[PDB]
Each structure stands twice: as C-alpha cells, then as structure tokens.
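Next up: just one chain, as structure tokens, the form deposited without the ligand.
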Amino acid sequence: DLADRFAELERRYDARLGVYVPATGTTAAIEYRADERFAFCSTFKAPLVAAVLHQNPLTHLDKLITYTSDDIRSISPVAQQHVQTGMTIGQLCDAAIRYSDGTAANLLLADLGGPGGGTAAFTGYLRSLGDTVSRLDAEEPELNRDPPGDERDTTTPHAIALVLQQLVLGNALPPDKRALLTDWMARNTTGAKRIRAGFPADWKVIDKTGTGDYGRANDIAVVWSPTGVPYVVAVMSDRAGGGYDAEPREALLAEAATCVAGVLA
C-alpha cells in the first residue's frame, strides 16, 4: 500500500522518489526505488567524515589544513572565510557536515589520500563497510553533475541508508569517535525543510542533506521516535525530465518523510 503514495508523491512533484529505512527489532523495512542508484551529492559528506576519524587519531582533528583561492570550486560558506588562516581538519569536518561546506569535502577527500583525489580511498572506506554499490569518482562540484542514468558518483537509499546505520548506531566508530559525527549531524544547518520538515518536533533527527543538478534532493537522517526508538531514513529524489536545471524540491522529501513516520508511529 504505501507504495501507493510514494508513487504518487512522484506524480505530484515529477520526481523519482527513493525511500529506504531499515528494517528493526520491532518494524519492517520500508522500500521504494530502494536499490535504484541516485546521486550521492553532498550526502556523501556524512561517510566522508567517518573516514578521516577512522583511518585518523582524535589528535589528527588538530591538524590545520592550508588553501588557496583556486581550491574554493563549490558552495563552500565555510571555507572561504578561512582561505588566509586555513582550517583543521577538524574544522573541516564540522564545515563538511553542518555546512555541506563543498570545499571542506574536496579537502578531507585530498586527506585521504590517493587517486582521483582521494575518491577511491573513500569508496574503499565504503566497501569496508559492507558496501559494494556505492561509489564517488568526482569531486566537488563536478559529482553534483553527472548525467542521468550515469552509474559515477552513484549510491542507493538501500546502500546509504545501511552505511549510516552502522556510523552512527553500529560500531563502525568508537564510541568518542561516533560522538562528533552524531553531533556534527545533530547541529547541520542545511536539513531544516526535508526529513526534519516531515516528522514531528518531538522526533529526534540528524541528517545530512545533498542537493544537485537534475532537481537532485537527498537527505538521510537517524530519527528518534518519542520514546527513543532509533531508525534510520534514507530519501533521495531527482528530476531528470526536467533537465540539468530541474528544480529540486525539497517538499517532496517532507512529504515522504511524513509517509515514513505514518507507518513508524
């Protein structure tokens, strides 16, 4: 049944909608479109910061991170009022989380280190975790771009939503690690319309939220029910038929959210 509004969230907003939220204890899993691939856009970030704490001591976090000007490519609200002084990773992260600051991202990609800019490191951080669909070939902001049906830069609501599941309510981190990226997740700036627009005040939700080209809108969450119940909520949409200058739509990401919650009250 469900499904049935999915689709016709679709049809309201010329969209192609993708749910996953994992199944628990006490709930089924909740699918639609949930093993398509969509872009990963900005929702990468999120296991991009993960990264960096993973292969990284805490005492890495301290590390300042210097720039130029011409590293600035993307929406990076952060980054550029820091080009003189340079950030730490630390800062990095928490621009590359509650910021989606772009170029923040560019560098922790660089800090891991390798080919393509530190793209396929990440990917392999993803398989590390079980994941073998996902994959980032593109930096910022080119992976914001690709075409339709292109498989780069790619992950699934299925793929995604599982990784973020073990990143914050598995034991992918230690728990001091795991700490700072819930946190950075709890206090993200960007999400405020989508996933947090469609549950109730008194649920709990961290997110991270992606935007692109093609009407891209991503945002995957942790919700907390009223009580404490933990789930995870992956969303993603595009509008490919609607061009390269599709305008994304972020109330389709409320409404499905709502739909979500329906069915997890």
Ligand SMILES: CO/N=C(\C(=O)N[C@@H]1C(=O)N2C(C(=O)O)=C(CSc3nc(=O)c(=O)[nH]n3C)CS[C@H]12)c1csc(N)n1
Given for the second form:
4 protein chains.
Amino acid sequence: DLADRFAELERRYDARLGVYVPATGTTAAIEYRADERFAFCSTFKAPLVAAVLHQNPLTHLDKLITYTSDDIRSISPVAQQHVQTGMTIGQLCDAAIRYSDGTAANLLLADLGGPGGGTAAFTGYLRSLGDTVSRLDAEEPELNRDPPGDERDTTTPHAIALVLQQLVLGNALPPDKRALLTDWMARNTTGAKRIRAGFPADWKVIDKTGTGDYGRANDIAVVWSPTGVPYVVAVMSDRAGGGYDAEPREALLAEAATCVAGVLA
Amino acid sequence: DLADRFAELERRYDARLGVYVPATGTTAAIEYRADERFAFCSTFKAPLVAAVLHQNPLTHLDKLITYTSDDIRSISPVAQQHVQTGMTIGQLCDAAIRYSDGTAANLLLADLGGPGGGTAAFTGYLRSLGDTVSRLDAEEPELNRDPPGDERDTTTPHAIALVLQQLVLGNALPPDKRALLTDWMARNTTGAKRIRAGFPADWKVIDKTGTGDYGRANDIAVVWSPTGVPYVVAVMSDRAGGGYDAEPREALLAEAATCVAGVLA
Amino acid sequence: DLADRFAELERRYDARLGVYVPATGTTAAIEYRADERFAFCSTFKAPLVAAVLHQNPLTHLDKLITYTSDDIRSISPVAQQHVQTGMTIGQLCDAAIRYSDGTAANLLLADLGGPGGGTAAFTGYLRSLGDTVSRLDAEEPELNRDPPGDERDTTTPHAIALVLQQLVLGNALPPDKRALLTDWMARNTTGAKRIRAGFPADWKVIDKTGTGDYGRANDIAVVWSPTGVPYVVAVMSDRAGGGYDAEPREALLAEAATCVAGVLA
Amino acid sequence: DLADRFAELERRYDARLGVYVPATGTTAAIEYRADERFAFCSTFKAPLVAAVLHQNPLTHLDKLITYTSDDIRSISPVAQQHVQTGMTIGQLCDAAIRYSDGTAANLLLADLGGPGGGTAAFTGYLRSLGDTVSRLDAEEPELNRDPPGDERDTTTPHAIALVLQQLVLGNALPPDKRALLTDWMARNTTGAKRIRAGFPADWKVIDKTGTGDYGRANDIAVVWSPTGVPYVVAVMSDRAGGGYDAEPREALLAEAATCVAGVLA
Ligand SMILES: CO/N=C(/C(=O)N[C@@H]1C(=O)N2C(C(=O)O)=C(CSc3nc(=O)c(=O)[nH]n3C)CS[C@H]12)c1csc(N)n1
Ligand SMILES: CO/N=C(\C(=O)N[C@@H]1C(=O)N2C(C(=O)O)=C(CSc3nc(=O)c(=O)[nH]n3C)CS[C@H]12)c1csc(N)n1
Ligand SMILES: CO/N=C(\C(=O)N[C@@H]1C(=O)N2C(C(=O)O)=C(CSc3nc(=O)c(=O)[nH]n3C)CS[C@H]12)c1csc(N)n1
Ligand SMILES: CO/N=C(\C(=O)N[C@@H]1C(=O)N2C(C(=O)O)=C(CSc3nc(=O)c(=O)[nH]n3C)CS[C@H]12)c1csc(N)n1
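Switch over from the form deposited without the ligand to the form deposited with the ligand bound, please.
Every component of the complex follows; first up is the chain already shown.
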C-alpha cells in the first residue's frame, strides 16, 4: 500500500522516486527504488566531509587553503567571497554541507588526493564503508550533468542510507568528528522544502540536499522521533524524461517524507 | 495495514482509538472504530457555537451575559477573569472554542434554552445536520464524567467528522458566520500537541480539543494540504481500563495524526 | 541624539518608552526613563524561575505538582492541558518562560512559599540581588491590571536589567542552573516581534516578554554580538493614556531595539 | 555623532569607510566621506545592466553571445559553465548582478560598444543619470587593481547612491525593465554578510557587492523598512594602507549598516 502511494507520487510529479529507510528493531525497511541508481548531485558532500575527517586529525581543520578565481567554476556562495582571504578546511567542510558550496567540495576532494582530483579516493572511502554500488567520477559542476542511464556519479537510496547510518549513528567516525558532521548537517540551510517539510515539527531532521539537471532533487536525512528514536531516510528523484532542463520538484520529496513518517509514527 | 498501526498505537498507549476522515474525490475514507461511541468532552463546544450562530443574528454576539463565581465549575481560563464585567456572547463563543472555557459553553447552552440547560436544543441542532447518533445530556463538568458504556454525552468519529465538515467546508452556516467559527478554531490555543503536532507545519490545521476522565483525549480538525486540499480528521481516544483517574495521552493523538497524514500525502 | 529618537518613537506610537542597557568595558550605558516605574507583567517569570532554581537543588525540578481546574485563573497554554497529569517543577519553569504560562508562575510562586503566595519571597529574592526598587504584590492575572501610577507589581528598566545581568552573565546562579535559565529564554516562543526583530539575525537574543493592559509591552533580553560580546537590553513601554483597552505596540520595541543595536555595533 | 562611530569602525578594521544615505521626506542624509572616491569594483555591474536595458528593447535579452575560455579572466561562476553553449544577454545580466560574474560584465560592456571595451559608453550612461563624478576605465579584472589616489574606475558613495536611487526607485527605466533589475538585485547571492547582515531580517534588502584589491569591499543597497519605506544605502571601504594584498573586511560593512539602521529606526 506504501508502494502504491509512491507510484501515485511518481505519476503526480512526472518523476522517478527512490526511497530507503533502513530497518530498525521495531520497524521494517522501507524500499521503493532502493537499488536503482540515482545521481548523487550534492549529497556526496556529506560523506566527502566524513572522508576528510576520517583520514586526518582534528587539527587539520585549521589548515588554511588558498585558491584562485579560476577555481570558482560552480555555485559557491561562500568560497566566492573568500578568494582573497582563503578558506580553512573547517570552513570548506561547513560550506560544503550547509551551503552546498561547489568550490568547497572540489578543494576537499583535492585534499583527499590521488587520481581524478580526489574522486577515486572518495569512492575508495565509500568502499571501505561497505558501499559497493556508489561511484564518484567527476568534480563540480560536471557530476550533476550526467545523462540518464549513465552510472557515473550515481548512488542508490539503499547504499547512501547505509553510508549515512554509519557516519551519524554508527562508529565510522570517533565521537568528536561525528559530532562535527552532525552539527553541520543539523544547521543545513538548503533542505527546508524537502524531508523537513514532510515531517512534523517535533521530529528532529538533519539533512544534506542534492539538486541537478534532469529534474534531479535528492535529500538524505537522519530523523529523530519525538521519543528520540533515530531513523535514516534517503529520498532520491529525477525527471530525466523531461530533458536536461526538467525542473526538480521539492514537493515530491516532502510528500514522500510524509508517507514515510506515517509508517514510522 | 493502516488498522494494524492504529491497533499498535492502542496497544502502545493502552487506549481505545477512534479515527474518521471523510472520503474525498481523490481519497478513500479512513475508518478505525469510526462508529463506536466516545465522549464528546469539549469537542461539542465547536458545534455549540454553530448552534448559537445559526439561531441568532450577528448582533446577538454583542449581548452581555453576567454571571457569578458560583457559575464557574470547570476549566474556565477566560470566564474567571470577567465575573465583575460579564462577557458578551461573542466572547463566550471565542472562549469556548479557543480556550475550551467550560463556563462559556454552559452560558451558551443556556442561551440555546430549554430543558437540561440547552442540551436538548443542542442535540436537536445536531439532528438538523443529519447527525442522529450524537447526544449531549449534561453541562460542564459532568459531561466529561460519564462511565464507559454510557451513551450520554457521546458522539462517534464518523458523526462528529461529518458535522464539522458541514460547518467549515459546507454551507450549514452563511459565509460570514462560517468565517467566525473557522477563525476561532484556527486560533485555538489548546491543540498544539494533538492533531497539529502530527501534521507537517506546512499543513494548516484548525481544531477543537476534548479532554475528560477515563483517559479521554479528543481532537477534531479540518486540515489543508500544502496545495490547499481540505480534509476533516476526527480522532477520539479513552483509557477506560485505567479507571476514572486514567490520564489522557496527547501523544496518541499526534501519532495517529501522523499516520493519517501519511495516507493523505 | 539617541534620546531624541526614543522621544520620536514615543510620539509615533503614543507610548511611554523605557530603555536600559548596562555599561560594558567598551560601551557606555544607554538610559531612557531608566528609573521610571513600568509594570512587570510576565517579565517577572524569568527571575521567578531563578529564585526557584537558586533555592533548590536540580533534582527539585522532577517533583510532580498537581493542581485543579480552579487554579487555571489565567492564560495557561501548557498548564490547562495537564490538570489530570500534573506538571513537574521543571515543566512549570519551562512553561512560565517559553509560553508565559500564568498558572505555572502561580505554582512556582507557591513553591517559593511565604506570605502572598510567594510574592513576598520572590520580592525578597530580588532584594538579595541588590534590586531595591522592584516589587511583586499580586499573582496572575492581577499583576497585569494595576492602573498607571500604582507602584505595585512594577520595576524599572535599570533594576530589571541589572537583575537579568547577574542571572545570565554573572554568578547569581551556579553554571548548571544558569544554563537551564538561559536555554529556556533562548527557546522562548513569545519574543520574535520585539527585541529579536530589531537586531540583525546574526546577533543571538534570549528574552522574556511581558504584555498587559494599558498598552503594556515589555521585553528583557541578553544579546550577543556576532563577535560574542554580550549586552543586557531592557525595553519597557505602556500606552496608559489610552486606557485599559489600549493596544500594545510590539513594533515600538523592535524599532527601539534597532536604535540600541546601532549604538552597540 | 554618527560620524564618531563610523570613525570608530575605521579604527577597529583599519579601513577607510564611505557611507551615503540620500535624504527622504522623513530623514536627513547620512554622510561619511560621501564625496571621496572609492573604486567601483563589482558595483558598476548594476548600472551596467541598466545601461544595457535602457539602450535596447526587451527582445535584446534573448540575443545569444558566444565566447571562449580565453575571455574568462575574473571570478565567473556562471560563464565558466557555458563556454560551449554561450549565454544570452539576459543570462549575462543575471550572472553579472546575482553572481558578480566578471566575464558577464565584460560581454555586456562589449554589448554597449565603443572604445575601451564599452567603458566610455558606460561612463556616458552614468552622465545621462546626472552622475558627473564616476568613471569606468578598465574591464575585469583590471578595474579592481587601480592604486589608491587613482581616479580611474572610481565612484563616490554620494554619486552611486543617487544612481541606484534613480534606477530602482526613480524613472530612469520603464517599469518592466526596472522590475527585472530590481528582482535580480533582490536575488543576489554575494551580499549575505554585508548590508544584509547589518539590517534586521524584517527589513528587505536588495544589493550589489564590490570586492577588489587593497582591502576594497563595497555594497550598494536599497532597503525597505517594515512599514515599506525605501532607503538607498551605499557603503564602501578600502584598506590601502595594508597594500595590494590587504584583505577586505565584510564585517565592517555589516557593522556600518547596523549603525545606519539605528538612525533610520
Ligand atoms: C490581565 O491580563 N493579562 C494578560 C496576560 O496574561 N498577559 C501575559 C503576558 O505578559 N503574556 C505574554 C508575554 O509574555 O508577553 C504572552 C506572549 S505575547 C503574544 N500574544 C499573542 O496574542 C500572540 O499571538 N503572540 N504573542 C507572542 C501571552 S499572554 C501572557 C494580558 C495579555 S494582553 C493584555 N492586555 N493583558
Ligand atoms: C551543474 O550543477 N547544477 C546545479 C547545481 O549546482 N547543483 C548543486 C546541488 O545539488 N546544489 C544544491 C543542493 O545541495 O541541493 C543547492 C541548494 S538547492 C536550493 N537552491 C535555492 O536557491 C533554493 O532557494 N532552495 N534550494 C533547496 C544549490 S545548487 C547545488 C543545479 C542547481 S538547480 C539545477 N537544476 N541544477
Ligand atoms: C495559539 O496558542 N498559543 C498560544 C496562546 O495561548 N495564544 C493565546 C491567544 O490567542 N491569546 C491571546 C488572544 O486571545 O488574543 C492573547 C491576548 S490575552 C488578552 N488580550 C487582551 O486584549 C485583553 O484585554 N486581555 N487579555 C487577557 C495572548 S496569547 C493567548 C501561545 C502562548 S505563548 C506562545 N508562544 N503561544
Ligand atoms: C541568496 O543566495 N543564497 C544562496 C544562493 O546562492 N542561491 C543561488 C541562486 O539564486 N541559485 C540558483 C539560481 O540561480 O536560481 C540555483 C539554481 S542554479 C542552476 N539552475 C539551473 O537550472 C541549471 O540548469 N543549472 N544551475 C547551476 C540554486 S542556489 C543558487 C544559497 C545557497 S545555499 C543557501 N542556503 N542559500
């Protein structure tokens, strides 16, 4: 009956919807298109920050990174104001999560090092977490513009939910670094119209959004019930049949989240 | 499937839960003990105001009612501040809906006139709406104290939801009086932790609460989707197995509402 | 120059305005009718909670308080829904500050003990803080109704600011109790249209509001600059010349706060 | 008075600050080095779009401009994503205002035509607005690099504020083109930490930023009071004493804006 309502939303919004909520002790898993591939878009910036935190001590966050005007090749609301001043690693992590800063993600990818400007090392980090499906192949802004059917720069709701579960709820990160990642996502400024809009206000929601061409709109979140029980919610969508210029529908993710909230209440 | 989760809420909270959402063109009716009887408690105060509005011209709202300290019997946050000044019919209507003022409802019942302090005339008003099941037999605070199994001062989720549907969405009242009733319910101060707490913030919620002994906690609401689609939600509960002193559980109503929101999303 | 602009606000809004900001190391004191008396209204609920916290160990917050329908004499958005359940001292403190619950303040006054239902003991607590001007003489809701010129239930911007400074910035309370008082005021739900509205968003503002008859509208706040510099802001106003039914003007408090923010910038 | 606090900010941030707020019916002009010259930096891009709108019908917005990677020489977050596709004049206007795209400004200057890549024609356009002082002499990125004392690529807070006043509040443009310019500046992505950060959130702020060498940081804005009263605010700064590499300080402009908001309150 839940798949029937997801299918109605897919028809209402002319979209393909992917939802995954990992099973808990009390609740069964919610799976809609859990193993179909959807484009990361900016959702990769949350595990990216985890990759930077994982392989560096906390003192690395205070390292100052300098860059040029040539490095501003995508939507960079924070980095575009700090070409002359430079940006610390902590500010780049803060910027990548809370403002989805594209230049900040590229600098953090470079901070990981290796082939492809850090894209291979980020994929390797997901592999180390048990994610065998996901792959990052390009930097900003190219990774948002892969045509439908292309497996590059794609993940699945299943894979990204289990990744996010380990980062926030598991022990992929020590408690001090885990709290930083959680606080950045908790103070995100881009997800008000997605999973947060579909859950009651007394539920706590931390999230990282993704938006791209072909109507792509994603939101990955950890939510806590009023009783403090945590859940991982991955919602991914695109409108690829509507072409490159297809508009993303945030209301689709909000409605999908409301459906998920009904089963979790 | 939805009944399994309502019955799970009944089991979690040791309660009997009644839910009714009238069917629309797009949605099927939601029914969970929809025709079982539950005590009105203070939910009758919303149709009571409609009875007063329908029977009287608007100028009747300015009629001054004087009362003494002896007339205060139940929770009356407004009437207790106006013994010396008296209260206009409009103030009694405002107080009865928005603050669930018990003394205000008794004065409005008396304004209806007839046997039982207006309870026969109020019941007759429900009959004019097609509700042949519901009945009011006592005033505040006795109407909250009937033992389980007693049909007096009871309604059903089915009956009260259809009553509210006609008052707010239908044409039981002319538009000017309909707006007064609707705005009072929209600015209610007693329902923040019930149906309002179970719906996402971008859903508009107007409601009237009810609370009594035997763990009785009700909330009747009209809710509007983000796209402006209205739904009537009747949620009733009691915990009679815990005796007269059973405590109402507002969280039961919030969780039940979230389940309803999932089906309506 | 600043007093000329305070006087212009007084003329625009048909109001009497009181402002006090204690001097700091870098900034001089701001005073506009700083020692004239204004009605407390619900601003006393913040030092009231401080008196309860200071006089009792933290574990006292878990004591359950039971009350009756006769105790709901005032606007009590939280207490009115908990007659059957009771409320802990901690919940009453939360309700008194964040929802300005009138019954909760009366129950906390009773917890202080002594003559006048705690009004003498609360006043005595202010005396221990150096406040020789302020006085509480009635409970809710009477303390909001004193006519202009009556010194009862009045304070001054100077005195209430120095009280708030010691409670939040000083050592009137041990750090654990201080954090509870600060967090409650930080999550207050009643002050969005006053001092908070007059300061830039990157300034942190914690506040406790007061509103009454005779156009009375107060807001006492501790504000932190973007650089983390704290200031105490007390703004009090009434429109007593317009009578008992005079409407309070929240915009007066916001505009006055904006004037203060310019001098503190 | 107010000048004493601006000079305080000049000392705190080791900067030269220029402020101008045109007088209105209610307020007197605010002037602090209002007629001293400061470099345009990116602030000319707002009247630049007005020049392009003024000299052409709306259909000119749909003209496609093609360019190469060699034409990208400044911070160009949008133009670097459209080398292969090209961009319409309308997109160039959007990018120049909201993202301060340097390549977009050069293409729009070329669309104005004439010697110096359009700088003479843009200077002539300012003359048509009554601005006899300001001048643009170079393109991006050279216009940010003029040494102190050089009059090239300079304006004054007085002149540009009156220019902005005519473009947004006056009748320099027909209503449809004025609305496009207004909406573009309203949706700017570069000024969150400047004038916008210094005004309360309920003040509407549209702005155009400027940043260059020698610590140059400008922001020209139109702000609306909560009552809908508009004001033009020009805030310019440089820190030439710190050399070419002197860092701009955005907080200076936010603090100066807070000072302005206090007197406009
Ligand atoms: C005898 O009169 N008593 C009261 C009274 O109980 N006032 C209290 C007081 O100071 N309170 C405060 C608060 O903390 O400010 C508030 C918060 S102010 C407020 N009022 C609204 O109507 C609204 O929609 N939003 N907000 C934020 C509620 S009343 C209580 C009163 C209220 S208006 C009036 N003329 N009198
Ligand atoms: C080649 O890149 N194309 C992008 C792009 O830059 N994508 C990134 C991505 O996923 N980003 C995110 C985010 O984290 O969601 C965002 C936040 S989304 C957003 N923007 C608003 O202006 C707004 O008002 N609300 N919201 C929710 C910005 S783009 C970047 C794009 C943006 S819209 C579209 N059709 N394409
Ligand atoms: C919607 O519920 N939430 C509330 C709440 O209870 N609001 C109530 C509401 O509608 N209120 C009203 C009024 O009737 O206008 C008021 C006005 S009280 C009042 N006004 C007068 O003009 C007067 O002469 N006397 N008095 C006593 C304040 S809040 C309460 C709340 C309290 S604190 C907070 N953050 N929310
Ligand atoms: C006031 O600015 N605040 C921003 C911010 O920078 N918003 C920007 C804004 O207006 N944006 C826009 C757009 O141009 O429409 C977009 C879309 S950009 C885009 N659209 C397409 O259709 C497409 O094909 N490709 N791309 C790249 C998203 S946010 C950025 C912000 C970023 S995170 C946050 N909380 N705020």
